[PDB]
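Given chain A, put chains B and C in place with the hints provided.
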Amino acid sequence: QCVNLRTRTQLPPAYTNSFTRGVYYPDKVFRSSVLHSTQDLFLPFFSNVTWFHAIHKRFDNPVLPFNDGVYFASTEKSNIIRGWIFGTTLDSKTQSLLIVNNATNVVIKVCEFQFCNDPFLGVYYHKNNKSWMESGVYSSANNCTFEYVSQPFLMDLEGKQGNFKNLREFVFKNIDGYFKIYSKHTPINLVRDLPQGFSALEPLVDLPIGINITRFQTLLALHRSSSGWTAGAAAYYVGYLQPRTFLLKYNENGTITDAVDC
Amino acid sequence: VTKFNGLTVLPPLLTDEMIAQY
Amino acid sequence: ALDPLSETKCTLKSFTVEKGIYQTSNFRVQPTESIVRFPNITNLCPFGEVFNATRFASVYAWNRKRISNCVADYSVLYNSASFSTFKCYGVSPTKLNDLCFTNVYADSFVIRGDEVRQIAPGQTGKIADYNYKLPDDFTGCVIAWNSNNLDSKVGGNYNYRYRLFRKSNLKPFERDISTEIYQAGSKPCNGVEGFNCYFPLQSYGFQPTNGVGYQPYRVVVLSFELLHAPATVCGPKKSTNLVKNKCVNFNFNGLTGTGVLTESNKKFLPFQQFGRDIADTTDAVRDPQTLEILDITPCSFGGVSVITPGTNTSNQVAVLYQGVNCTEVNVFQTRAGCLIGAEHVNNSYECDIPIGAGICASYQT
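Residue numbers (PDB author numbering), protein chains in the order written: chain A, 14 to 69, 77 to 155, 158 to 247, 255 to 291; chain B, 826 to 827, 854 to 873; chain C, 292 to 620, 641 to 676.
Hints are computed from structural coordinates only; laboratory data are not their basis. You may find that some hints are simply not true.
[Claimed, not checked] The calculated DSS-like cross-link candidates involving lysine-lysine, where the alpha carbons are at most 27 Å apart (straight line), are:
id, chain 1, residue 1, chain 2, residue 2
1, C, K557, B, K854
2, C, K535, B, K854
3, C, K444, C, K417
4, A, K97, A, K150
5, B, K854, A, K41
6, A, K202, C, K558
7, C, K557, A, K278
8, C, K386, C, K528
9, B, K854, A, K278
10, A, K77, A, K150
11, C, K378, C, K529
12, B, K854, C, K537
Just chain A, with the same shape it has in the complex:
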């Protein structure tokens, strides 16, 4: 709660190249067998993305900015990222947006959350009968102003052996108070922690929040057989949206198959 994770060590600002990632449908319009231009916020192609590692003391969990929206690309098998934090102060001072995934329903709220100094969504006391079951990211909250729950679902939080075969990419954008979110989940054959190719992130949900946000924080999943906890092997990336112009090649079925940065 008050004591930070002793196994936490900040890595240097490493990065790699992102060839054609960060593409998403900027609207809910259908167009097929055409090529549409548009000026909105996207990821510039062949740009750098901040790499972050999570393993027992190489464990990164900083509070990064959100001045213009960001990206995520989680190379994971047990869903190390179970939620996020968004806001300005990220404490009980101002309104703070919180997102949590309990593997059954995505909970979204906006309250004066009394977040811990080193928040998490981990577990502990797994001496026997782990079963990937839960066993306190914030101390308390009140004066809430928003509440939302996604549909029922099931997420595979269980760890798996071998090469990474799953990849999730998201976008987080505040469109005039509407905190729009995109997402995509596809299989992969990992080679260098970031497979290449092309894809498009579909919109997930519209959130009429209307709260200014300037920073964020990731909620990594910890485990222990608050301070002396451990974490499994995982890694993710971070990007930043920029106001670039793009072309969008739609197929006959309306799916984006390619793009070009102007």
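Leaving out everything else, chains B and C in the frame of chain A:
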């Protein structure tokens, strides 16, 4: 060799089959 | 506007028409109906839980139920048929279903019949000042239901109480459930009742033998709040069925215009509503209630042309609607349009009056 805002395309007087006869 | 021949003379501004073909006007199918669609209006908030609660909270501790993130059907205010007095201020009850709001509350309490008048904007009284004040800008409603047979007890129902004294009047929608001893004179009360000191709370005299002015009345105030924030709860929207193969207007959840709806093989994703062509013009839409993809073919139109010989020859004249099939209608369809007033012949002659697509006209015996 290869809409509704008042725009309309009129056809030609001579069709392609009539041109070939000439 | 007598005959198409006269439209030609008014077009050319001449009382004599030479041989040829001339344009006069523009045909256009006007709309006959209109379609209004909107997603399903289910998932209603349970207003009956408050208006018909099994038990009501006391007056000094009035209960409030927040209404948000649903479809607020306000027809229960009148259609319930379970009230004695029903009044609204500012907005009529029949229009609340069309108005969207940021927050809505249901303030319930049980007060005497004579105290029902005190539930009003800007009104003062024992209940308005010390128990539940309303603002001057109240644009909600109030419903009082006589509960003489339900919330009454012989000798007085002690479960329903109110505040009779307080050092300072309350604010609009403010609750005060304290037990501070009120001071009347210059003497200190010392936290106990005595000379010029009274208890602030008092029980009601609700009994089954009470009059119309003293019996209990289950009062519920539906408070509205239209703030700068985006609306979070709105009422059910009006809609109707679908009209196909007919020139009609469109009022969809996020699309408007005029045209004709037809079934098609197109497909919209679950996160897509309406399509667009190369020119940013809509040509497809998905129904917000049913699972179907419908192309929007606009209403027909085209220039009107008249085919006449010279005025010195005859006044018999044909008419051509360029670029449309025979709908309104001696009729013959062409690849340029529907021609009326001319008889087709299997013979071939020299082209006198051209029409289009190799077809030509003439006046012969």
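Going through the hints against the structure:
no.	hint	result
1	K557(C) <-> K854(B)	holds, 20 Å
2	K535(C) <-> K854(B)	holds, 21 Å
3	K444(C) <-> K417(C)	holds, 23 Å
4	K97(A) <-> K150(A)	holds, 17 Å
5	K854(B) <-> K41(A)	holds, 24 Å
6	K202(A) <-> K558(C)	holds, 24 Å
7	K557(C) <-> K278(A)	holds, 18 Å
8	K386(C) <-> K528(C)	holds, 11 Å
9	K854(B) <-> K278(A)	holds, 23 Å
10	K77(A) <-> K150(A)	holds, 23 Å
11	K378(C) <-> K529(C)	holds, 24 Å
12	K854(B) <-> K537(C)	holds, 20 Å
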